[PDB]
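One chain comes next, on its own, written out as structure tokens in the form solved without the ligand.
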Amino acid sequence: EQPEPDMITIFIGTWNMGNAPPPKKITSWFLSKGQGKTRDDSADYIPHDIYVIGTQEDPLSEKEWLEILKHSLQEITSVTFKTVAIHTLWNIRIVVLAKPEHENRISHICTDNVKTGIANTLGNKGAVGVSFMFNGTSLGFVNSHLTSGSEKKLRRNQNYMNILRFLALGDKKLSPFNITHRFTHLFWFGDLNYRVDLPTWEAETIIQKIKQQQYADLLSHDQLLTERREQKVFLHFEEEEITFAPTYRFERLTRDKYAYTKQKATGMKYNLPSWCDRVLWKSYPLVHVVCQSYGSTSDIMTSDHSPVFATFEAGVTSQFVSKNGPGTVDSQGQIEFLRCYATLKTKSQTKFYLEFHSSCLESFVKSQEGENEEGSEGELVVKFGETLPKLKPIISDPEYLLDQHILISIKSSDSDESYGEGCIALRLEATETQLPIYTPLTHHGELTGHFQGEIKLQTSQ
């Protein structure tokens, strides 16, 4: 037998195809060749472990697109990839392909979609997603096509919050947790449709800057970067530095021209050159994740968007079995919390309790109610002191336990509704030692408070 991997590489692609069939060759996309952070030529024959393809305005049948994708990867790698999942909402599609050696490592495949907007605004924008387990590691993938238009960044932020609330991926037992907490690694990509927010009269200046590869002054006005910096969207997500030209809006059949001027076909809106097409991620604390490419193709010109690629190294763990767990506790293992308190932004006064969720526990654990005090600056402080239960992991082996994570929800005793969710890594500097812990708490992806204190982890070593 193959040894189980402790690392895999994942290819993420996002392309708004502009309702046009692709050209006969799209291999440059899967090879991370073009502009930006590109992949070394020496890696060209080396397959990624998993390929996740997100399309928007995709005119192809699932069958048509699968044939082009599989044939493309076969030509690059000489490997016949297995289809893990395919899911389409209108013209928004996600395909997950993996090397055949991974077929038995992949389980718990989930697909879902969310339609964004109401009446007028419901009919073609939203998201599709896929999750699964790769051995002991949970992976989520979201392909979203958000509201278009330079003057709708707020709508895009709203679309993002509706997708992260309502996309039903991952372990349904994680009931207090949205997709931004359910996965070891979460990749969120698509035509996010955020624009370079400069005056219309500066169109030709923007084009000039693009021809000089001087992106700095454009990225300082990129609505996704500015909204993220003001914590309006994609809180606690990462994005690699952008070093490729804006991927929208091109004249078709060339990349020599940006088509930005207002037309009946655009609803009389300008489309200033923009980084519409993006890849972000969020991984659990102290898990290996390294972006190894982030760029756009130069040679695929059927759409008014260029394809975007990103590749990642992602840490993965094995499906651990001991003499004891799974199927029982390992009395040599324990997780203890000392001097713990939650700080909440809520103006309400109910009692709160904690829930601890982790795949290292047989099931989730509910604490006693904490003691509410007033913070010096208005805040609600919920004190747990030394009252939190002792968590009993299924496996005590430090090779397993130090790789695990504890999700925390703080819940109202009156309503059992979560006011905040966060995550604590057990990748500690020491065992049998009081060490500080910390997580921000979010609800619907917005900051709602903090959890901090100390942890004491006992393993079999």
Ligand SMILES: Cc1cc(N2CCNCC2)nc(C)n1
Second form
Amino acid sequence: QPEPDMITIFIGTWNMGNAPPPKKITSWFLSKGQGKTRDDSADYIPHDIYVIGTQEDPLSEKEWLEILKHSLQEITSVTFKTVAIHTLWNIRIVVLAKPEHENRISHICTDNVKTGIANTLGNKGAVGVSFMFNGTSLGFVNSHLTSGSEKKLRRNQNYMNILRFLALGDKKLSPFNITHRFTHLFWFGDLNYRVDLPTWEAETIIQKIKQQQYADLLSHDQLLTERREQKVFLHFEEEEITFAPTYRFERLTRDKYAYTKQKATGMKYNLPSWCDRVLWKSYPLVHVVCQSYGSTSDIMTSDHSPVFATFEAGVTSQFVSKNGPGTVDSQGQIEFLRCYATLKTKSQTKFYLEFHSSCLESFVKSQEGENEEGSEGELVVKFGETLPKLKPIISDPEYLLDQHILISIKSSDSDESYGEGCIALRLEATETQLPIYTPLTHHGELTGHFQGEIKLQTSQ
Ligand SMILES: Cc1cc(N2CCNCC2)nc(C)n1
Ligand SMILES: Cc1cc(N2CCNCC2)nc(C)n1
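Beyond the form solved without the ligand, can we have the form deposited with the ligand bound?
Everything in the complex follows now, all chains and molecules, and the chain you saw is the first one.
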């Protein structure tokens, strides 16, 4: 029974509007409706992992699990196993997987973050799940961010609190937040970003939706514009949106957008918006391909339509050699040449690096770099040829070329990370000096760059 090198992952996000679902929700898991939809010929083919995010979910975990498992069984004839379920208030995440994966999935972790203070603490935040799938780490975040067209900045703040404080994945990766801890990270939910057009244009927007002319609406989508200006979700991907706005509908039909201000909305307009989103971030040069991104047309119990996205995701096998795990493989080494970090910091402390990777027995601390002034004001930290030679646990190229090195640049004074990034070992050549590069972030914001050269020695 061979270990897979690809799996498919279903991501669902649905704000249920505090209403029980209708009796049939199979269209969601089949990626049928509007947008980038799944071919009919695939309907019986189960995804490897289904990750369901709900917001305003009125069901118990038991009630929702029963509905999900019965849905998937009807579609696939497979009885899925529950990997994890985690609920904060009415925000929920469920992970289901094919039974054949039960002994491929380990290190299952759940957490939540509550966003806001006093007034704004009580119903918004995020839940998440992480685990290993063979040699691949997977993380999943379902967030319900602050609502309202005039709160895009609050949403961006909610994003940064969630990526800082959600404690998923390997805690030995202490300098790294969730945006670096996983081979593949999927972040979805009712992100609540709106189409920022004047209230007076509501009927014009509705017209555009009826014509399936989304271009002039998406050009005003706050998540697309905030992402373009690097205010949120830096280094994440989103598939092109080709489905109608998923909010705000009159219930029991999809024929009407309910946008006008009401006491029940706090006298706020809800112009048709793409509130419900799926984004991802995978390590460099790992296979990840979005195969669907759309909304259902036939599930109408909520003022939101469910969103689906499916992905091909590259996975690696749990590698065993005669040497590693449990020793090094003398035949393997990673060398860094002519490396320098460029930092946006106004601080003058010395900096050192940490290299973290599953291909190492434990992380490696460098010597301090040499600070110089860059020509445009920047701090440049030069490492020269001073960086430690990394000793991977396995030298086999089939293993080593699939690995990644996380880099943190830390202050000598405070041991606080000023920047985090990631370097793929999927090189064009071994035993060859080759350029490497990663942006550096801290709390998910750009703080600099790391670049230089690598020379990778494998047993071939
Ligand atoms: C909690 C956790 C740990 C972990 N690792 C990788 C295997 N060895 C132990 C450390 N990986 C993930 C995704 N989560
Ligand atoms: C034009 C553009 C590109 C981008 N990328 C691309 C490669 N990795 C993820 C980040 N993100 C945005 C918001 N805009």
